[PDB]
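Next up is one chain by itself, shown in C-alpha cells, the form deposited without D-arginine.
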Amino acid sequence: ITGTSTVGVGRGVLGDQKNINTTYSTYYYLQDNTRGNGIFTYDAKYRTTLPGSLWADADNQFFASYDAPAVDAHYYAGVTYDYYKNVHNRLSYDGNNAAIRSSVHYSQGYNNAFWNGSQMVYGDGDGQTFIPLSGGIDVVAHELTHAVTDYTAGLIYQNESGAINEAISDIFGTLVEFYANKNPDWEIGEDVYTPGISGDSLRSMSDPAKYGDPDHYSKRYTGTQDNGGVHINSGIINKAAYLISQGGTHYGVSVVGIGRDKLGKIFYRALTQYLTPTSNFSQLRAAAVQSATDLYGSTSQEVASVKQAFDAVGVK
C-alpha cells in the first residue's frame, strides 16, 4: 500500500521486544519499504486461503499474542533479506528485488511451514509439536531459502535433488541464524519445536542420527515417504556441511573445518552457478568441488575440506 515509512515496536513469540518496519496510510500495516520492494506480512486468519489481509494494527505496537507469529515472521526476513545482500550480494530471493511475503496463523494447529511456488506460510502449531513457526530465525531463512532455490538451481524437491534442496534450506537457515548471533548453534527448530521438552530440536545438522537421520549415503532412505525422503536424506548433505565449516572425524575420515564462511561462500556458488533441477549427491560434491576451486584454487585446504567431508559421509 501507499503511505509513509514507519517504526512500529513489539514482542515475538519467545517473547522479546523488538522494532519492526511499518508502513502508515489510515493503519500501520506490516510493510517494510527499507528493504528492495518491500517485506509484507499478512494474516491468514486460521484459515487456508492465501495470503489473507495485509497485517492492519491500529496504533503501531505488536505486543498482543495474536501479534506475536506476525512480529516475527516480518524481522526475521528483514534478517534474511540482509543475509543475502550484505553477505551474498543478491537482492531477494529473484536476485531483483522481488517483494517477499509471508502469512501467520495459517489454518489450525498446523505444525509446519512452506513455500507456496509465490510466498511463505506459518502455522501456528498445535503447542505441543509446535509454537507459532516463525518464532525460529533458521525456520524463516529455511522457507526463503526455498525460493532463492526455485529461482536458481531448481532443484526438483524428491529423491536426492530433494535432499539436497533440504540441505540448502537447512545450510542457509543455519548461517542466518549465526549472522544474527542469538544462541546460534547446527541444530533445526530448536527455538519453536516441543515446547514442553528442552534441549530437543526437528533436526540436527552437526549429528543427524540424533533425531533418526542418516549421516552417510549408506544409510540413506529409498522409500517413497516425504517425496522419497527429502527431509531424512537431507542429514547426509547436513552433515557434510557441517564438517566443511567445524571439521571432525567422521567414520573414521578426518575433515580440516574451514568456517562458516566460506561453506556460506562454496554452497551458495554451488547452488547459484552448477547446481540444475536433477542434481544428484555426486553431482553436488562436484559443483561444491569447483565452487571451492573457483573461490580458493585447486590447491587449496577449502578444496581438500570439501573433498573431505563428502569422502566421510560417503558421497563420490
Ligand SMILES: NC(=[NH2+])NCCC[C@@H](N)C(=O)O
Given for the second form:
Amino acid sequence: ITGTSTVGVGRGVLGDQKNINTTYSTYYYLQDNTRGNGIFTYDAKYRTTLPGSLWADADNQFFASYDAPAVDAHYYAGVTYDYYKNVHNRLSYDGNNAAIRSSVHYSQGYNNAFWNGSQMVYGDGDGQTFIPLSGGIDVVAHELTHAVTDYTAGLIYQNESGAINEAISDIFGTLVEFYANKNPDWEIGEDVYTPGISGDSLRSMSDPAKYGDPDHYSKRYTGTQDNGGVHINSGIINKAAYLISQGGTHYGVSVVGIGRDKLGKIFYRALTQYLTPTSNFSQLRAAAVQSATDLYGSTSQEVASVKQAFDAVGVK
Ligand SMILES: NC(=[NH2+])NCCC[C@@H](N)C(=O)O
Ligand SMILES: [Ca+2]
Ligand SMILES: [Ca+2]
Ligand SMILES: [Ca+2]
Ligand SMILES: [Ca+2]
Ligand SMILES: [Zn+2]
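What would you give as the form deposited with D-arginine bound, now that the form deposited without D-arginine is on the page?
What follows is the entire complex, opening with the chain shown before.
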C-alpha cells in the first residue's frame, strides 16, 4: 500500500522482542519498504486461500499471541534478504528486488511451511509436532531459498535434483541462521519442532542419520515416497556440505574443513552458474568442484576439500 515507512515493535513466536519495519496509512501494515520492492506479510486467518489480507494493526505494537507468527515471518524474511544482499550481492530471490510476500496462520494445525512458486506460507503447527513455523529462522530462510533456486538452477522437485533442491535450502537456511548469530547450529527446525522434547530437530546436517536420513550414497532411498526421497536423500548432500565447512572423517574418508563462508560462496556459485533443472548428485559434485576452482584455484585446498567431502558421502 501507499503510506509512510514506520518502525513497530513486537514479540516473536519464542517470546523475543524485535523491531519491525511497517507502513502507516490509517493502519500500520506489515510492509517493510527498506528492502528492495518491499517485504509484505499477510494473515491467512486459518484458511487455505492465499495470500489473505495484508497484516494491519491499529497501534504498531505486535505483542498479541496471534501476532507472533507474523512478526517472525516478516522479520526473518528481512534477515534472509540481508544475507543474500550483503553476502552474495543478490537483490531478493529474483536478483531484481522482487517483493517478498508471506502468509501466516495458514490452515488449522498445519505442520508445514513452504514456498509455493509465488510466496511463503506458514502453518501454525498443531502445538505438539510444531509451534508456528515462522519461529525458525532456518525454516524461513530454507523457504525463501527455494525461491532463489526457482529463479536460478530451477531444480525439479523430485528424485536427485529434488534432494539437491532441498539440501540447498537447508544449507542456506543454516548459513542465514549463522549470519543472524542467535543459537546457530547445523540442525534444521530445532526452534519450532516438538515443544515437548528438548534437543531434537527435524533434520541434522552434521549427522543426518540421527533421524534416519542417509549420510552416504549407498544408503540412498530409491522408492517413490516423498517425491522420490527429496527430504531423505538431502541428507547425503547436507552431510557433504557440513564436511566441506567443518571437516571431519566420515566412513574412513578425511575432509579438511574450509569454513562456512567459503561453503556459502562455493554453493551459491554452483547454484547460480552450474546447476540445471535435472542435475543429479554427480553433476552437483562437478558443479561444486568447478565453482571452487573459479573462486580459489585448481590447486587450492578448497577444491581438494570439496572432492574429499563428496568422496566421503560416496558421490563421484
Ligand atoms: N524424526 C525426526 N526428527 N525427523 C525425521 C524426518 C527427517 C527428514 N527425512 C524429513 O524432514 O522428512
Ligand atoms: Ca497492535
Ligand atoms: Ca539454532
Ligand atoms: Ca538450525
Ligand atoms: Ca523439540
Ligand atoms: Zn524445502
